[PDB]
Amino acid sequence: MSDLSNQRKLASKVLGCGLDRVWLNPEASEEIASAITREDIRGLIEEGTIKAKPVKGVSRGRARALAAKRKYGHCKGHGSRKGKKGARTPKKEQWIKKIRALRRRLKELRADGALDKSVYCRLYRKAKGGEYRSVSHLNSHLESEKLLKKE
Amino acid sequence: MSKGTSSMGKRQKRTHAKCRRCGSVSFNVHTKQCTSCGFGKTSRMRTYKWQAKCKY
Amino acid sequence: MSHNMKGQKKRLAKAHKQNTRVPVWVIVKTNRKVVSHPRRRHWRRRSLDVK
Amino acid sequence: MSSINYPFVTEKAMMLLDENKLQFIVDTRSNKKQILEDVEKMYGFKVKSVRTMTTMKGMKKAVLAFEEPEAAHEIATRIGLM
RNA sequence: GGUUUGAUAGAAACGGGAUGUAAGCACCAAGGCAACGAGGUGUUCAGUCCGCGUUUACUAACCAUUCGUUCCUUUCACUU
RNA sequence: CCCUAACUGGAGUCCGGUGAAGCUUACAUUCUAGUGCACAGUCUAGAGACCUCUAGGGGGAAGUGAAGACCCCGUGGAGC
RNA sequence: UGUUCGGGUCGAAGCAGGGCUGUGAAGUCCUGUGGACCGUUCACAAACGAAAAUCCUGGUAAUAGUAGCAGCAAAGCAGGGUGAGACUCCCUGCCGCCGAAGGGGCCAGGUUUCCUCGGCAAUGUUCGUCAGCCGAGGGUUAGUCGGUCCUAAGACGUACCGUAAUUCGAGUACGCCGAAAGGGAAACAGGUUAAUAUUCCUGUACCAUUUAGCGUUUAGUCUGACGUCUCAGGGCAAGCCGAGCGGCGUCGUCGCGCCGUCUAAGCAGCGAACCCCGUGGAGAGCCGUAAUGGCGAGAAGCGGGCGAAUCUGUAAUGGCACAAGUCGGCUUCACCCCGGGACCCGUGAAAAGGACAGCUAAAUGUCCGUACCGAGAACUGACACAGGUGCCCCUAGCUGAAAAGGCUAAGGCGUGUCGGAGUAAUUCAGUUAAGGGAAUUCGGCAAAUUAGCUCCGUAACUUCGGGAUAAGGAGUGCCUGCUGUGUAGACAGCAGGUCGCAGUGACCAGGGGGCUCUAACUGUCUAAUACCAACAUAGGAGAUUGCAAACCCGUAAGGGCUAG
RNA sequence: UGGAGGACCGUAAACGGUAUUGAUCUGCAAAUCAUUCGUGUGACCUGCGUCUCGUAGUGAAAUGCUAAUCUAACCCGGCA
RNA sequence: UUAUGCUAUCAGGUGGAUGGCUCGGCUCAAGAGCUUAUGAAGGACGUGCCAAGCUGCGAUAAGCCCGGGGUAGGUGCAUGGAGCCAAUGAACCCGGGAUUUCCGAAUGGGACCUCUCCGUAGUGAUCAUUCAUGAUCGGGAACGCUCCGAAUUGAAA
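Protein chains in written order, with PDB author numbering: chain BP, 1 to 151; chain Bc, 1 to 56; chain Bd, 1 to 51; chain BT, 1 to 82.
A couple of the hints might just be wrong.
Claimed, not checked - Here are the simulated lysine-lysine pairs, BS3-like style, with alpha carbons at most 25 Å apart:
no. : chain 1 : residue 1 : chain 2 : residue 2
1   : BP      : 126       : BP      : 149
2   : BP      : 13        : BT      : 12
3   : Bc      : 32        : Bd      : 9
As the list claims (entries may be wrong) - Per label pair, the in silico range of CB-to-CB distance:
no. : chain 1 : residue 1 : chain 2 : residue 2 : range
4   : BP      : 9         : BT      : 51        : 27 to 35 Å
5   : Bd      : 16        : BP      : 28        : 38 to 46 Å
6   : Bc      : 20        : Bd      : 3         : 41 to 49 Å
Stated by the list, open to error - Computed list of chain BT residues with no C-beta within reach of chain Bd, every gap over 12 Å:
no. : residue
7   : 16
8   : 17
9   : 51
Just so you know, these hints were derived from the structure itself, not from any lab.
We treat Cβ as the ideally placed atom computed from N, Cα and C, and that holds for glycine.
Could you put together the complete structure from these sequences and hints?
Here is the structure:
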């Protein structure tokens, strides 16, 4: 063979792949060298003399296993943590989720009728002031001090 | 940054363009004048006696 | 992809077609007396003073 | 002043004959309107469109797409191309 | 230094060493309904390795060239 | 650092290819002393020295780079 | 040069060597070479004699087959080709480099380096059959992509005036230019070439004027049209997970791993927030937000209007191995829409254009650019230069806070001298080092120590802000099973088991303290020997001036400060 | 809860240029490279455009910078 | 055959001195002496069968037309191929014409750019007492006239 470099570049262009993805048959060398045009390259491609090698990806199974363990709560200890507490859990995001949960709980209570407007106002301001850790804490306070208009 | 070859890499523009009147690359793109022939400054051709020596 | 006007591109084209060897028939006609040429150049050298 | 210099006969220019287009080297002073009118006067064929480019030889090339089928072949035969 | 009238170097095996008990298999394993399961024990001073030695011609130390003649010449101690 | 050792990669060393530049009046294998513009490979008297090549660090060639930026002088300049 | 007398193709001048004469400057002759001119008497002239000027121009040595062709960065090997010739050119495999740049797109700049064929005298730091080199030929297609249009700081032209005068000069008036990253009328997907492609072809669109018809103002408003920081909501390119389907890989055992499983503009439909309109009447207070907040000057609640990104259908019979081509879920930056808040100390452009009255049908839409590089070889620095040059509102998986560092995709590359026997000494850059631990040195220079995250704990002094990560202690891996917060992504925490010398195991990653001088601090600087205590700074003080001012520029006309 | 600051750490993003008085010093480079360092939401850095210049400009002021030239740039002329 | 070398000559290479030749230069003398809006000089781009530079020319493009001299060859520097032209008198020379792109006094506007916009097809600016028309602009080796106007240097400062 002379230079197959022109044929390889044209085949990479026709296949839409990289130059080294193009595989030229080392036995059909003169057949490839006879190919000059895009149509000739397409004929070689369809007859299999020229093909695009499979992309060799990056396997992710051993990351899927670790992700499953991390979902379960393992492989995530202090010796694995490397960013600051705050870079791993932003405080505004924490507050937003907490306050939204408390507000939705108060809204649902006032909708279903367990909470009249007078005590609802105070409870809403208490939640905005951070008196309650979570919806469970709020419910525990409500049941402890009998704020729900039980019937 | 060095005043030599380092600063000489910023030379990707021009201060003088080709002159319509004289063909010399001497047309100041800011003053709109040819420093060779005077186009854009005078209707005459730019010439001075100091362009040669005193003929004696 | 600097953008030239019509005259600038025309002058670049003139420079390009000037950048050619003397014809072999011209060399034969002059008896190897005109073989050289002052407008020969290379693109990667001192640039044109044309554009 | 004719804008058309002569039909341009290279491989790519000859590839136009099979799509009924014809490529010309024309005067670089002239524009698409002048080229169209001059070609229509020169060969008596209605021109559908004109495409124009400038080359690095300082020439202007115009590809003319005609309206009548076979007009490009007939003009090429009249000139002597075919 | 050795060069078949030979252990010079290498291979193979063994001796003497380095490391630390290989892979697979089985049992156990905190637990999990299970799937699994870090790891432990046996197989197993194992597995792997040796720019050291010994034994051993098994392959390679073979084939040759060159000087010890001033070179051509018969200014020859020679031979067609 | 006492006080250095071993090792790694790149140079160097050896081989193939490519291939510059800088010192140079000449000669030149020197060493000691004296002499001499009082700091000599060359003069004078001694002492040494067979030639060529390779590697190596730089004693000397008051080594090379450079009409001393210190000092003075010039009825030479500049700025303040 | 005048003049006298000559020599020369039977060989003039010149050149190399030699003989003779003359003290010598030099002359003459001989041999060879050379191929057409040269002398001589008496006189007259001069651009008339070189060994030197760190002399000038040209040529050429020693140095010397020496230095260099070594940090880039792990750089190549096997087999087969091509060729006269192969480490170096081509193919396959293996092994490697970059992989938030060395990949992709593109400004300025380059100007044909782009593609094909044929070559190897020079270039390429070696070779070369290769090439950005040499020769021949080819290649750039636009109403929709830019320029073109608009104006910005600010130029230029004409007029006036000044000036001895001008091509000189400030201002005013009228014009005109000024942005390939500001504003902006409109096009998408696929295919085609060796090189062009929102430009050519196929399919499906859209915009502007103009003409003809059909109808007409609401007119002066809005838009174009805007800073910095911060935050909510929604969407989405990319990314990730599960199932089906179709390929490829692996297959010592297992059944996993990878790739694909597609679909543009246009057209039609819905519309979150904000805002507005109608009801309503709310306080020993109610309603909200992430937060600030809102409310009888009219809250909540209830209806309506206006109104996004995107999404849904269509565009469907396009491209794909006419191989599948079907579904769900999660997340979502760094991109799009929308809204809130804070700051002033720069209060953060203008104009064109567009909308508010247009619908239908024909015609027209000229000109310029368009290849390719955009850089450790296409620019610039004399170079195929380790510098510099617009950058991207460019970048995939794991680890991780992360675009850090490491290992890998895609894509781009092995591209710029080889070989080599211990390849000595020495040297550039690294690894390690018994015991001592600054005894070295001007000086701990250099090197070493520490290092992430979590938890405990944190002094003098202080301008009350800080000092502060002060200091000083403890934990950290893997596996099994869980708890809590949250809509979720995820985050936090617990119990038990367990291995090693060592669990932020690599990568990454402060050493700390005490006593003084000095400057308050952040900042600026001798581009190329000085990053300092020097300059600046806020703060303090003083001085002039009431504006036809103080101060300053110009010869003037007239200007800066001063839209004060 | 909130998210201010010529606040802090920190990228071979960008800008700068401390120390090695390292490499280099006929260099990759008429000042660059490696490691180590300072700033890194602001008196921040930077593109493009535009303006201010020779007894003049510009300068957080060193006589720094004004095209490798600065205690008065460069070109030509006075000039042999 | 003692190498590496040294000295002299000879042969060759490199190199381009010397000699000779020279269509070039320089100086002096005598002549002659303006040109452009009827668009100059100058520049850009194009123009040749093979043509890259210079030269000429201008899309009629190393050239076209007419008259005279010249007459058998011509096709520039520049004898290469192949053609073409020429006895219908070419080439060449003298005189007179035509064509003569864009920029340029440059002059419809703008020019970053030598092109581009409107095309209403272009008297740009300043002027001349009929508003028919006309003048000026740029160039020229030196010389000429008017006005503005240094310093080095010498005086040994």
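Comparing the hints with the structure gives:
1. With a CA separation close to 19 Å, the supplied pair residue 126(BP) and residue 149(BP) stays within the 25 Å bound.
2. Between residue 13(BP) and residue 12(BT) the alpha-carbon distance is near 20 Å, which keeps this suggested pair within the 25 Å criterion.
3. This hinted pair checks out: residue 32(Bc) and residue 9(Bd) have alpha carbons roughly 22 Å apart, not beyond 25 Å.
4. Distance hint for residue 9(BP) and residue 51(BT): a CB-CB separation of about 28 Å, consistent with the stated range 27 to 35 Å.
5. Distance hint for residue 16(Bd) and residue 28(BP): a CB-CB separation of about 41 Å, consistent with the stated range 38 to 46 Å.
6. Distance hint check for residue 20(Bc) and residue 3(Bd): the Cβ-Cβ separation is about 19 Å, which falls outside the suggested range of 41 to 49 Å.
7. No Cβ of chain Bd comes within 12 Å of the Cβ of residue 16(BT); the nearest lies about 23 Å off, and the non-interface call holds.
8. Consistency note on residue 17(BT): stated as away from chain Bd, and its beta-carbon is indeed over 12 Å from all of that chain's, at 27 Å minimum.
9. No Cβ of chain Bd approaches the Cβ of residue 51(BT) within 12 Å, the least distance being about 17 Å, so the stated non-interface status holds.
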